[PDB]
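Below sits a lone chain in structure tokens, taken as the form solved without this ligand.
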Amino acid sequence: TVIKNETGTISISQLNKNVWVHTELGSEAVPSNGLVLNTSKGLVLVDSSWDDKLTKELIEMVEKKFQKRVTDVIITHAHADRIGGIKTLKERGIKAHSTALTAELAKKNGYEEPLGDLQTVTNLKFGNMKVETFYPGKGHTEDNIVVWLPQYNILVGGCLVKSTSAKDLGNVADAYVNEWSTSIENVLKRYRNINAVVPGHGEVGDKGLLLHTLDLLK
């Protein structure tokens, strides 16, 4: 099931019972994927959106939809599509989780600072919903992390993972192209039984998306 806005810029699609994928188009419309986790104690998002207007609109949508508060957001890296709505998060009392490095880079890029609480391996539980954040090393950016939902074996790769039709790695000015391969290998070694994989943008797939990205990096 999918739910969008009248303009069509914001869409939310259900993966399973309590897991949805939020997608926003940043204008040439450029999409960005994130997750919406419906828990017994509120809504949790994996990544915000391009800017504050889109992020606020996204939050307004899911809150109206599930009739609950978005309590936390996990930021996967310090770029606009991930941390663009940080000001909106902070003004609404939404906890913006991130690694210390992501917080450092957010500041450098002119964004308000996220919590910087996430360690290399951080397990978070919101109600019955379990979430694991993992820093696999440098790739798309120096700070990129992945998110794992152990109850569903769902992997949110962020921009470290490209979609099936993607033949372009995207912006590599802040990337560590050579190390990117080792980082993907660390994700593969850590999670031996992956089901669905959500790329930074594009359609949800499986472990084959990680192999595809390694192919592009060759």
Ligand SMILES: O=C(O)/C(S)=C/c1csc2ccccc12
Given for the second form:
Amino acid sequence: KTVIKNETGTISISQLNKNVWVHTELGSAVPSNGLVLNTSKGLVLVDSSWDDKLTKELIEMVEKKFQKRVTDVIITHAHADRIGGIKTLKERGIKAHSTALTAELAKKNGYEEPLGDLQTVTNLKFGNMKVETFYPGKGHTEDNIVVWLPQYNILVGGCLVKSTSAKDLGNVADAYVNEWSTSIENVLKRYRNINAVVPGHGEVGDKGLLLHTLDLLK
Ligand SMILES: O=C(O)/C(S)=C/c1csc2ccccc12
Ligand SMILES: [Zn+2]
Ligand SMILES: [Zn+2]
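To test you: the structure above is the form solved without this ligand. What is the structure of the form deposited with this ligand bound?
Every chain and every other molecule in the complex is listed next, the one we just looked at coming first.
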């Protein structure tokens, strides 16, 4: 698949299909993934990046390439890899969608607040692009949500879902290891036919990444 990088190599986008790309940024080294959705009404991101500098660079790269503005971002939980660029979003007039709990936790941790507009299931449409957000329960954090693209059967698992390269659950200080398996099971029950799964860190995979996360929780 096509992969495009910035002048420094700290930001990369990789095409999943005509209108869906994965963005990956390196924070001081630790890579993090989100999505870029190229819609008829603008670019929509799933997740920002580790900090304002990387978020600015990401936005500038995709706006130049796709020749449209970033209008919205979905924030999937309140840690820095997801929300670290919220100041940039708000000052540029980019809408930052989140659940109410993710917004409360952002404020509690001293970040600017996202909108708090997403419910347990929310269905959004941006141009012709359909996006569903789902809160499956506690796991990696208390507020983690997943994002589903029903027109492609692509699931953005975020940090709820570990990549194949992950050999342990990572930092579990904010995690609920006795609920995380049930939360993964709720994803598997809701989305019974999955084409690709994008983890918060590491390589894109399929439903097997959810099964891998279940095994790491044993
Ligand atoms: O492993 C991950 O996907 C992430 S986002 C870990 C993390 C980033 S700040 C932080 C603070 C407390 C516990 C975990 C973490
Ligand atoms: Zn996290
Ligand atoms: Zn993460």
